[PDB]
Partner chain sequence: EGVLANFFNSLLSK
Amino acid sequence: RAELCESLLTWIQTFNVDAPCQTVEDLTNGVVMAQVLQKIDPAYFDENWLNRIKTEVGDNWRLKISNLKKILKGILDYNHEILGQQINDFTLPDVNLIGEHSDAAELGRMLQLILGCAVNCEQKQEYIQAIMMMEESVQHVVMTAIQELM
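May I have the structure of the chain above on its own, in the form solved without its partner chain?
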């Protein structure tokens, strides 16, 4: 779903990575997702690892796809090589559609995989706490709205 992708984007924003990440388009060349995977496990997804991900991409969608396949393979490899408890990867994102068409539905599937890494890695209690703090944060917005109406 495209709506799931929008929601998972707000989760991506909790990482505060360097590259901009406000829209679906900001995620299509793979740089943001690579930087998030580095936050999740910087020992595995390290600076050397990130080197394979081209930054100067522009509108070269073939290059975007290339980047995205490296990230997807990276996620699968992390799951196989490092993680004891495997993630839910029965259905994989079609990253060709992300790169060529900025397909939000496919991008959402990829973000789900990355969230799967976050909540199954060694630091999972940190990431689960950060997700529940998204709930606390929204209630502050709602309480502000209520107070501006009273």
Contents of the next structure:
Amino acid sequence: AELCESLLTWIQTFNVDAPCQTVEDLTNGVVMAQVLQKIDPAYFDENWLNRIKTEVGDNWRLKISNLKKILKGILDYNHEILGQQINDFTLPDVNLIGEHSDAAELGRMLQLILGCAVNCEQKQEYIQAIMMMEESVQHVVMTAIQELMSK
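Go ahead and give the structure of the form solved in complex with its partner chain, now that the form solved without its partner chain is out.
There are no partners or other molecules in what follows, just the one chain.
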């Protein structure tokens, strides 16, 4: 904890198209998918984004379907592009995100997305941007990176 909301602030620095003001705004996967496209548009391309349904509303079953596709993508990216540098021993429980808006599990998913950004080809620029954020956010991001980069 203290992860989800600091990482929400970080997510907000991408200024994606979908609303990203609240925890609930992240539960259907669309914001996450748009952020991943910004992180690596060569991998998280339009063909991939098309699989994420928009206008989900309160349909938690579709939320979960979207989130499973997002997590699949992250884990494939980690394996195929990042050489397994992100620690994926504990997977976020996307069912609890969909069914209960569980912000702790959401924080874990956001941590994986952070791991993509700080290991992608543009990692220098993502890290430099983090270094401009509020100190309280940077400290949580630091702890999150320590965890995800450890073996």
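Residue numbers count along the first chain shown, from 1. So that the term is clear: the rigid core is the largest set of C-alpha atoms that superpose within 1.5 Å between two forms. Only residues modelled in both forms are compared.
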{"property": "Answer among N16, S137, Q129, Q22 for the CA shift between these two forms that reaches 2 Å or more, rigid core superposed", "result": "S137"}
{"property": "Core-fitted comparison between these two forms - CA shift at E56, Å", "result": "2.0"}
{"property": "Once the two forms are fitted on their core, CA shift of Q85 between these two forms in Å", "result": "5.5"}
{"property": "Residue ranges moving between these two forms (criterion: at least three consecutive CA positions shifted 2 angstroms or more, core aligned)", "result": "135-150"}
